[PDB]
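Below, in structure tokens: the form solved without the named molecule, a single chain.
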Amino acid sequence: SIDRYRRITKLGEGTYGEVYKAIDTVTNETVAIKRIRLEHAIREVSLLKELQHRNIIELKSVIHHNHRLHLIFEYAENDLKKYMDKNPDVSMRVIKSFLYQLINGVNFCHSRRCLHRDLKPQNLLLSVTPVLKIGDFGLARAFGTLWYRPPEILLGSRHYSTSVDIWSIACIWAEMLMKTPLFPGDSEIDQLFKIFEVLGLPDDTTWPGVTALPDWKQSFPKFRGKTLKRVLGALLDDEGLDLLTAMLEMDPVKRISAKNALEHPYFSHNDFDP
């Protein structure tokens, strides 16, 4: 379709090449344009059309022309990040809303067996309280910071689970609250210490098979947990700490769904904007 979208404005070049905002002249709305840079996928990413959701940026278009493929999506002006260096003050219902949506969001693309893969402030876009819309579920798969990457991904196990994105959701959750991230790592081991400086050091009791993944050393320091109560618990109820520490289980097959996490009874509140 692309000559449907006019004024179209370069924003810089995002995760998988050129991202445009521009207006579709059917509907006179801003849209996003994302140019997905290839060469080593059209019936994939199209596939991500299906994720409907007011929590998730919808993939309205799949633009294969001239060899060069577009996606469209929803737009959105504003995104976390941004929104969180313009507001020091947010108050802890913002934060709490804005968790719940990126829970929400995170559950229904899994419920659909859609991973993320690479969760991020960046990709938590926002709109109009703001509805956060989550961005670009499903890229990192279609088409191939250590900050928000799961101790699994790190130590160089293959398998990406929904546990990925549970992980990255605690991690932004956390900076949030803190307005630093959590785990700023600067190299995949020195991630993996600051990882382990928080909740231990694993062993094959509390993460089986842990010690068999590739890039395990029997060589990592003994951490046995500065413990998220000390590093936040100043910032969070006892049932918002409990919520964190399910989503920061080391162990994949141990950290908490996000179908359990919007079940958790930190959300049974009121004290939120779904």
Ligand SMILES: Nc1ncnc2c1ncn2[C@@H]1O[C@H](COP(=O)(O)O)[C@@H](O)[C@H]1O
Given for the second form:
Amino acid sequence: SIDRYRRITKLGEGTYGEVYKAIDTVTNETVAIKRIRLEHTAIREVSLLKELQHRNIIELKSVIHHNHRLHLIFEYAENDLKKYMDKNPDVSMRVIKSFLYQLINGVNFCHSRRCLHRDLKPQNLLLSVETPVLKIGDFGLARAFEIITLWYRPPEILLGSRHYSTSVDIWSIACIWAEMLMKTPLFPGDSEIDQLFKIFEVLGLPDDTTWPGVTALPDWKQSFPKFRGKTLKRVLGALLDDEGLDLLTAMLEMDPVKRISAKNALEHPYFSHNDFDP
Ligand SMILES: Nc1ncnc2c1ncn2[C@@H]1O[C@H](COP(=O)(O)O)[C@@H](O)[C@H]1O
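Could the form deposited with the named molecule bound be shown next, to go alongside the form solved without the named molecule?
Below is the whole assembly, all chains and molecules, this chain first.
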């Protein structure tokens, strides 16, 4: 029942429909309500997301399906990463590494329950009140139901693969991480092919050794330029220690099956030094 929620105040339009903040008069807490525009099992699917209870995941508190309208009630977070990086240019390396750890930790929690995000970006990395706590929003919604979307999309998707795996989210994490360090997007494409080009420009053009099966993907072009790769070292090696570089490189393997897992990323030596807040 939506009648529980008062002072419902529109915040803007999201991916799925209108987004609001509200007061939950049963708990006194502020919540976010997301109107999910449909028309084209869904309630079951979305309801399973309620089990994703983790400090680095925006909690799905309630699914309300009434008068043939669908609202999701979520935990409220006052800030998000894009806004936060805009407002905080001098933010420390320690905050950046904490945000990264926290993102990977959330992601690993979800992947371990067979839940993929598929559309990670700084805009759904919400921040809640020394360091804010990073909480990922909208896990599982891309499934269950603007050029910026492209910037965090992995090459297997851009090349037209039908198989989304956990590796998709790992790619996106690496892109977000690079952006936090560089203050501009790593691969700021303006089309799916321009996007691939931006990726190939840094990482090199794949072949059937570096990425077995790549040339059979639907949108592969035998005419792609034979990019050698600027290399990540050259692009951002100045901003990152050697350990950080090795992690980032592992997350940006172009073949999704070679891309590091969230779990192995959390085990990487980069996070063994107590120089961040989990
Ligand atoms: N859980 C949340 N808590 C607070 N604000 C949110 C939440 N999710 C999305 N928003 C805000 O709602 C608007 C649309 O969200 P987005 O889906 O990022 O386009 C933006 O103003 C976001 O800042």
